[PDB]
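Modelling step: build the complete structure from the supplied sequences, incorporating the hints.
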Amino acid sequence: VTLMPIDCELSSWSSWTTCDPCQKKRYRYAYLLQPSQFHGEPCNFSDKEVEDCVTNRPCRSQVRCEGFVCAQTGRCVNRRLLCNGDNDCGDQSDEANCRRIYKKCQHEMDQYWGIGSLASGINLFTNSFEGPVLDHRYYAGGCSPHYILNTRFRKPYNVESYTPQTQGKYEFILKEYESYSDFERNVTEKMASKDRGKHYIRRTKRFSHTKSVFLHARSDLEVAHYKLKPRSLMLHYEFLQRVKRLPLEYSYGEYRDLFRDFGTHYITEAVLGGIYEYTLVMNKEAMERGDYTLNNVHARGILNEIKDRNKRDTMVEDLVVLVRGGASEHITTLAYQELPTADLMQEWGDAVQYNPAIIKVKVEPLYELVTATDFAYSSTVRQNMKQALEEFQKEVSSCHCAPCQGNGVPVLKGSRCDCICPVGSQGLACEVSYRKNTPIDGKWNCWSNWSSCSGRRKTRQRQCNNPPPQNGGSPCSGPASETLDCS
Amino acid sequence: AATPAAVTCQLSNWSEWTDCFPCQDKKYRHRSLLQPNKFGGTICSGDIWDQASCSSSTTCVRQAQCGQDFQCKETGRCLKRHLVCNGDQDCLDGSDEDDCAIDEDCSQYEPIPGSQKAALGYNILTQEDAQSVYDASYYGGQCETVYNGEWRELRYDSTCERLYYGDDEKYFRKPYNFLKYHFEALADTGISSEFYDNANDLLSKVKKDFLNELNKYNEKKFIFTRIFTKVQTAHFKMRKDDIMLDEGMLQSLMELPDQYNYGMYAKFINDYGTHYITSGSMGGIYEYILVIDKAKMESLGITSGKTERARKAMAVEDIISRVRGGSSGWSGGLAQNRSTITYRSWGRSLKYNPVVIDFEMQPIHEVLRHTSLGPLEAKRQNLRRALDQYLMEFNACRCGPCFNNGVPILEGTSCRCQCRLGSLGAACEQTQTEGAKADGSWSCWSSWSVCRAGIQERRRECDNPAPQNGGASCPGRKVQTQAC
Amino acid sequence: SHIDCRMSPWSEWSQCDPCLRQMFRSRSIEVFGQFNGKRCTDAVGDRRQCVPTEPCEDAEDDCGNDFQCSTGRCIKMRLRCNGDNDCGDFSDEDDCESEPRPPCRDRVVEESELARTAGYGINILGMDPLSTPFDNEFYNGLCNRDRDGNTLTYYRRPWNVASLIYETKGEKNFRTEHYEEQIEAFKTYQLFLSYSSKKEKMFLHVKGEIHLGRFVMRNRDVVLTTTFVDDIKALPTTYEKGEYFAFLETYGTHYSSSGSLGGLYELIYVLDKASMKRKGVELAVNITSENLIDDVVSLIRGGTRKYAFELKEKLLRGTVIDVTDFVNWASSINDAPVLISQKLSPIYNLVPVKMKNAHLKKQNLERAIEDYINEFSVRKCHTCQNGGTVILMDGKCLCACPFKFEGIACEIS
Amino acid sequence: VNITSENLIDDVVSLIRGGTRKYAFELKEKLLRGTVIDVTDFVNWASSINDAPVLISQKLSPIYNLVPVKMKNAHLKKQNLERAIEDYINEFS
Amino acid sequence: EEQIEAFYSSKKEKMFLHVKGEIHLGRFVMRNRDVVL
Amino acid sequence: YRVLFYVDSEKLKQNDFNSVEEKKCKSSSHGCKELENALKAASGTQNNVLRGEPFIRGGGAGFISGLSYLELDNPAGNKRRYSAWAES
Ligand SMILES: *[C@@H]1O[C@H](CO)[C@@H](O[C@@H]2O[C@H](CO)[C@@H](O[C@@H]3O[C@H](CO)[C@@H](O)[C@H](O)[C@@H]3O)[C@H](O)[C@H]2NC(C)=O)[C@H](O)[C@H]1NC(C)=O
Ligand SMILES: *[C@@H]1O[C@H](CO)[C@@H](O[C@@H]2O[C@H](CO)[C@@H](O)[C@H](O)[C@H]2NC(C)=O)[C@H](O)[C@H]1NC(C)=O
Ligand SMILES: *[C@@H]1O[C@H](CO)[C@@H](O)[C@H](O)[C@H]1NC(C)=O
Ligand SMILES: *[C@@H]1O[C@H](CO)[C@@H](O)[C@H](O)[C@H]1NC(C)=O
Ligand SMILES: *[C@@H]1O[C@H](CO)[C@@H](O)[C@H](O)[C@@H]1O
Ligand SMILES: *[C@@H]1O[C@H](CO)[C@@H](O)[C@H](O)[C@@H]1O
Ligand SMILES: *[C@@H]1O[C@H](CO)[C@@H](O)[C@H](O)[C@@H]1O
Ligand SMILES: *[C@@H]1O[C@H](CO)[C@@H](O)[C@H](O)[C@@H]1O
Ligand SMILES: *[C@H]1O[C@H](CO)[C@@H](O)[C@H](O)[C@@H]1O
Ligand SMILES: [Ca+2]
Ligand SMILES: [Ca+2]
Ligand SMILES: [Ca+2]
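Chains as they are written, first to last, in the authors' numbering: chain R, 4 to 197, 219 to 323, 350 to 537; chain B, 1 to 100, 105 to 213, 245 to 339, 375 to 554; chain V, 18 to 204, 258 to 353, 392 to 521; chain W, 393 to 485; chain G, 197 to 203, 265 to 294; chain S, 291 to 318, 328 to 387.
Mixed in with the good hints there might be a few duds.
Stated by the list, open to error - One side of the interface only, derived from the structure: several residues of chain W facing chain G at Cβ under 8 Å:
| # | residue |
| --- | --- |
| 1 | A438 |
| 2 | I441 |
| 3 | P445 |
| 4 | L458 |
| 5 | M463 |
Quick caveat, the hints were computed from the structure, so don't treat them as lab data.
Positions of the beta carbon are idealized from the N, C-alpha and C atoms, including for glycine.
Here it is, written out as structure tokens:
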């Protein structure tokens with residue numbers, strides 16, 4: 004193996020912030036200067052440090068509640084939500100000491116299938132879901148019935164619509180090629196006289233046969249459309265509290281650890297369903313050489355005869371199958387190497403309805419949740435969170451990773467980077483393969499910092515993995531340099 | 001071929017007794033693995049750690065003092081008062097439900117699939133699960149629920165003739181120590197197959213009026260296939276702040292001295308693991324390999375006269391087939407054959423028995439930082455100091471070379487080379503020819519060098535042997551340096 | 018000549034142990050027997066009654082405000098009435114005429130038939146399992162309900178079994194490896263020589279490992295069986311080898327601190343076959397040899413009677429095995445598991461601190477287990493001849509050799 | 393040839409321990425007839441070992457170790473049982 | 197089998274076929290103290 | 291419900307052959332000579348491309364994934380599956 008294992012390096016510490024007026028604390032942090040890769044040391048030694056202070060400054064942190072303050076969670080429920088026979092506080096506190104219970108839901112009701120997943124934030128730069136940011140177990144007044152098929156559902160307060168938009172693309176290509184060539188060239192020669221004589225032969229073949237198959241099947245099934253309300257969202261307890269812990273002063277660390285727990289954005293609108301994708305590539309070759317000769321001479351005489359015969363064959367085949375959404379038996383029977391029968395497809399699509407994946411998303415950045423009805427100093431938290439979001443996007447984008455071999459895709463998983471391999475190579479760098487060459491796709495290096503003013507510039511070099519090596523593939527798809535106005 | 005050299009177990013002599021603690025009535029002492037018993041050799045009766053009774057002069061600490069709030073009478077946990085009488089058993093004694105949120109109905113839903121395995125510590129030297137680090141069943145006053153993506157399960161009703169899906173296990177309760185658990189259904193499968201064949205046939209004849248005739252045939256065939264399939268039933272992330280430790284880890288952490296004492300800290304690393312899971316992926320994995328080599332060679336030579379003939383033929387087949395997750399039955403079935411029967415049935419069993427696919431983990435000392443207990447900095451630095459030694463002393467790299475690609479492990483004081491084929495030892499083979507492909511794997515750390523104020527070193531070798539025959543070299547960090 | 022059991026002289030006797038009302042004597046084993054001579058059956062020690070030469074000390078080891086049960090055992094008062102088999106036997110009915118309340122409220126939970134057996138004693142000689150030192154029908158007032166197990170049915174996990182996780186894993190390893198060869202030659259009055267040789271080699275290895283989870287035993291607050299704690303109370307306190315060996319021979323040198331449950335199958339075919347011939351006349393000679401070893405072995409462990417013994421032999425024969433026969437056997441591992449492999453803790457770690465004289469008993473056990481491993485050593489026996497090695501068994505040392513050398517010492521060919 | 397019909401298979405021994413006598417007889421009868429037992433048979437035998445077990449291996453100690461320590465001349469009786477056990481080895485060849 | 201013949266000589270045979278089986282139902286181990294006879 | 295289905299295939303095969311044979315003799328010291336040659340080149344190709352893009356809107360997700368699944372033997376889609384979709 005050509006490897007050197009590379010250790011993670013965090014920076015030297017920031018200077019401390021001055022002590023916060025309302026957290027009574029101070030903060031310091033490091034930037035990841037190099038991610039751990041190829042089995043270097045696991046690092047993650049605490050990326051933030053925090054200390055207490057004496058406080059010499061005023062604070063106004065109590066945003067009041069015309070509602071009822073829930074005993075454990077601190078949520079402000081509207082006073083009409085008490086004694087409805089339902090948990091609106093998160094920890095049941097709204098339903099204590101009620102002289103009667105006034106149910107609105109006359110009937111039993113389901114939550115829409117998977118509606119809680121969409122209540123959590125996404126780290127948009129890795130498409131990973133993170134912690135809960137919205138409370139889809141909160142209904143306010145609720146209890147207007149919705150039906151998908153014959154099942155009745157209760158709409159969450161935060162959800163503007165969840166509805167069964169229901170669509171299916173299937174796409175199929177089967178491309179096949181065959182090419183064969185045969186060459187033969189025979190010869191015979193003779194002489195005699197009354219003494220002398222000669223006889224000679226040559227016979228030959230060259231042959232080749234070649235075949236290729238590319239097959240690609242994709243089903244994009246959609247089974248629901250989701251949109252969140254644009255305003256007045258009831259947030260989740262665990263997020264609401266970490267946002268209340270954020271400093272008024274800008275420390276990057278304490279805002280970064282919000283993103284590492286609850287992500288960077290929230291899902292405002294989404295397309296729900298399943299992907300089935302199958303793609304087969306096969307290449308096949310056969311090759312031959314034959315060469316035969318005799319030479320015979322007489323006057350006393352001599353004979354020589356030779357035969358040479360060669361056959362070569364190869365086949366190489368790669369298949370990838372990818373399934374999203376559904377139930378585990380349908381998932382595995384589609385995961386299997388052989389194209390489905392329509393019965394499995396039917397049962398998979400039927401199960402995708404009850405456990406959809408997310409096909410398409412409209413985000414909003416997470417600071418758009420930090421509204422003054424829930425948080426004091428909200429505008430300074432927003433402005434901090436905006437700046438942290440730009441700095442964090444420059445940390446968690448995988449451009450920092452060293453290049454994989456074998457066309458591996460590097461993904462920065464934490465403070466550590468994993469080369470996800472294509473089919474047909476193994477080992478931590480994707481080095482272990484039988485293949486003489488495989489197309490390297492070009493990989494971008496990280497984008498250089500904003501220079502000067504009157505229109506700043508940023509630059510990129512396609513250098514992190516240079517595109518051409520070992521019969522290279524496509525050079526990178528994005529803007530190779532970029533500019534934006536001070537004002 | 002290689003040859004073994006047996007060695008029996010040795011431990012170093014006892015450390016002097018650690019002085020009698022105020023609340024445990026206990027003393028501790030330890031020893032070190034001066035040499036673990038290698039492939040050939042007797043086990044020590046002795047282990048690394050010893051504990052003894054002792055009365056002590058002072059009075060044990062008052063249990064009323066934690067957080068200005070409730071703490072349980074016979075165990076570790078200190079609780080926010082709204083957990084007392086919540087209707088749920090928040091500590092081992094149940095004292096947080098004695099003399100009575106309130107009356108929680110949330111136990112209508114069972115705990116999340118695999119809430120246990122993610123709560124256990126893990127050991128990087130042995131790959132074993134440890135005791136509970138997190139409390140797998142602490143709910144912290146929360147009534148929080150995950151939708152089961154797999155709840156769909158058929159039932160007949162014989163009265164009024166209907167076939168209908170059960171409406172059972174639709175939700176699971178999430179433990180407080182889990183930030184998110186997500187029931188996302190994925191599959192990915194990747195399959196590569198490569199075949200290469202060569203056959204060559206040759207003749208040569210000369211006659212002069245002496246005769247010579249030569250005939251050759253050669254054949255080679257190679258087949259490879261690899262299949263990898265993974266199915267996620269769920270993905271999880273454990274909380275990074277306000278962690279509620281298991282009562283056992285909590286009590287064992289109270290029981291740690293504030294001073295450094297390698298024995299009691301090494302015992303906590305043994306008992307609660309080197310690491311704890313921060314996040315991981317749940318469901319099932321199938322992996323399969325076939326590697327097949329065949330060859331066939333024949334040759335004849337005749338001249339005048376005398377005749378000689380030779381033939382050689384070969385076939386070597388490796389199948390590795392490993393199923394993680396599912397029912398014990400269908401895991402054996404899918405290990406034995408691959409089909410739309412075995413994949414479909416295996417996935418039906420992943421509905422009920424998921425297993426951890428891959429996960430992320432951090433060193434056990436990094437838990438203390440994030441606990442509900444407040445600062446424990448002295449214990450954390452001791453717990454790091456011990457772990458930085460434990461990962462040297464108990465390390466499988468101290469076992470023998472395991473020639474022909476065997477896997478070393480240390481358990482107790484004792485080595486196992488899990489040799490992949492042939493009878494165990496340093497050397498391992500009796501079936502294979504002496505031509506076999508095998509790696510070099512690490513010959514372990516030196517102690518730190520004598521040092522200048524700014525120069526100190528540590529070194530390795532790739533193995534005691536070089537890589538065997540033609541074979542792979544190690545990942546290449548041969549030398550390392552330290553702060554002296 | 019053949020070999021007989023032999024021992025040292027007996028040592029000098031103990032004093033009378035005042036509370037135990039006995040005296041003790043011991044002897045070393047020196048040869049086990051070998052080569053089909055007089056096999057040992059012979060004991061390490063013996064005991065005699067005495068009227069004691071001094072008073073016994075106060076026996077009672079009471080934990081205080083804890084309930085002292087009809088067993089040897091103390092318990093905390095939350096478990097004095099708990100509607101459960103608290104404290105190692107029923108001991109409670111005269112108190113619990115009130116406060117019935119169970120650990121599990123309104124529910125019907127069953128015992129884990131795997132967890133009851135968790136924490137086997139193990140003897141390092143042969144690595145046989147023995148029944149648990151640990152109680153494992155004690156629940157510490159915790160309900161601790163698991164829905165786990167592949168048969169989709171709930172169970173109550175017993176207190177000492179800190180983890181029992183059904184990590185299902187099914188592996189098959191298969192290897193075949195052939196090398197196959199031929200060499201032949203040929204070369258008034260006349261001369262000729264004809265020569266031929268042929269060789270065939272096969273190595274098949276197959277193993278199928280099927281897990282039914284893993285148990286990890288608790289490393290504090292372990293609640294032990296009444297029989298085991300009593301069998302620690304009844305000890306000499308003076309390092310009498312034969313009396314300590316009697317405790318090892320009923321609870322093991324070690325316990326499995328964590329063990330992996332399930333089943334295994336394993337198969338071997340080795341075939342190694344050769345034939346050689348030469349014939350000639352020179353102005392007759394005819395000289396031959398044949399050498400064959402053929403050895404096929406099958407092991408199955410775990411699962412129920414029918415399926416295992418079907419599969420054992422189906423796999424040994426040429427038979428193309430039905431996948432559903434595997435599914436049946438591998439499913440029956442749910443009902444009838446076996447201990448595949450495990451981590452071993454020396455048994456003295458289960459001598460509870462907060463019992464009288466505990467640490468003295470531990471250092472005695474640590475010495476005794478070292479002796480138990482030493483005088484049962486193979487290294488004392490006489491050497492095997494040719495390619496064999498000295499096998500050890502109770503009352504014999506021997507060897508056997510599938511390699512054309514023969515007898516109980518492989519001496520002849 | 394028809395090996396199951398033929399006189400050719402003769403010289404097979406039988407040792408068989410435990411199980412219900414029907415299935416032990418059937419296995420013996422097939423072998424002394426010069427014929428193979430079917431895999432159906434062995435599993436039927438293995439099912440019957442639940443009724444009628446035998447010991448495949450044993451670890452052995454002389455019986456005097458059972459003589460209770462409370463016996464009124466206990467050590468003398470045990471010592472005479474050792475003196476008696478020792479004579480069996482001479483009482484037979 | 198081995199033969200040397202010259203019209265010194267020697268001739269040799271050794272041959273067997275074994276089938277061996279075990280069926281195992283359970284281990285028992287029994288007390289060495291507190292025995293009730 | 292929409293289907294586009296498209297099948298396209300091309301085949302070529304070629305064989306070309308050339309041969310020469312020559313002879314000479316003389317007599318009065329007799330003699331003769333002969334020469335012969337043959338040559339072949341042959342080549343062929345196939346291309347086959349089969350595409351299809353079923354698209355459905357409306358109906359239940361299982362009926363959609365069943366109906367949109369392309370039977371290469373019946374690329375318009377099957378009477379039963381299609382009627383089930385029209386029910387859903
Ligand atoms: C140029 O010379 C080559 C080599 O001699 C010719 O190929 C040969 O063609 C003959 C007649 O088709 C083949 O003989 C046949 O063999 C088959 C079995 O393979 C047998 O069933 C038939 O009855 C017959 O004996 C010969 O095998 C084949 N040799 C090879 C190596 O391909 C070729 O046809 C010649 N081309 C010209 C222009 O004459
Ligand atoms: C697993 O078992 C199945 C049994 O059906 C195998 O599938 C059969 O394979 C044989 C091979 O000769 C074919 O003749 C049958 O037609 C196949 N039946 C079908 C359609 O399933 C399967 O091949 C086995 N697993 C593997 C990978 O060989
Ligand atoms: C071989 O002979 C036996 C009788 O000994 C007869 O039953 C059998 O049919 C013959 N062959 C077969 C079909 O097994
Ligand atoms: C001699 O030749 C015969 C006939 O092939 C053969 O059976 C025998 O084994 C050879 N060896 C001798 C007779 O020494
Ligand atoms: C923040 O950082 C400096 C580093 O020298 C500390 O010493 C000090 O506490 C300051 O507030
Ligand atoms: C502790 O180890 C010491 C060796 O220094 C012994 O002397 C003592 O008996 C105990 O084994
Ligand atoms: C030897 O090999 C492993 C790689 O498998 C390294 O992680 C490690 O350094 C070990 O000692
Ligand atoms: C020890 O052996 C002596 C023999 O010297 C006997 O007297 C006694 O019975 C014990 O076995
Ligand atoms: C431009 O964006 C901000 C402005 O300071 C910084 O992250 C950096 O200067 C970047 O290049
Ligand atoms: Ca309410
Ligand atoms: Ca409680
Ligand atoms: Ca009770």
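Failing hints, ascending? 5
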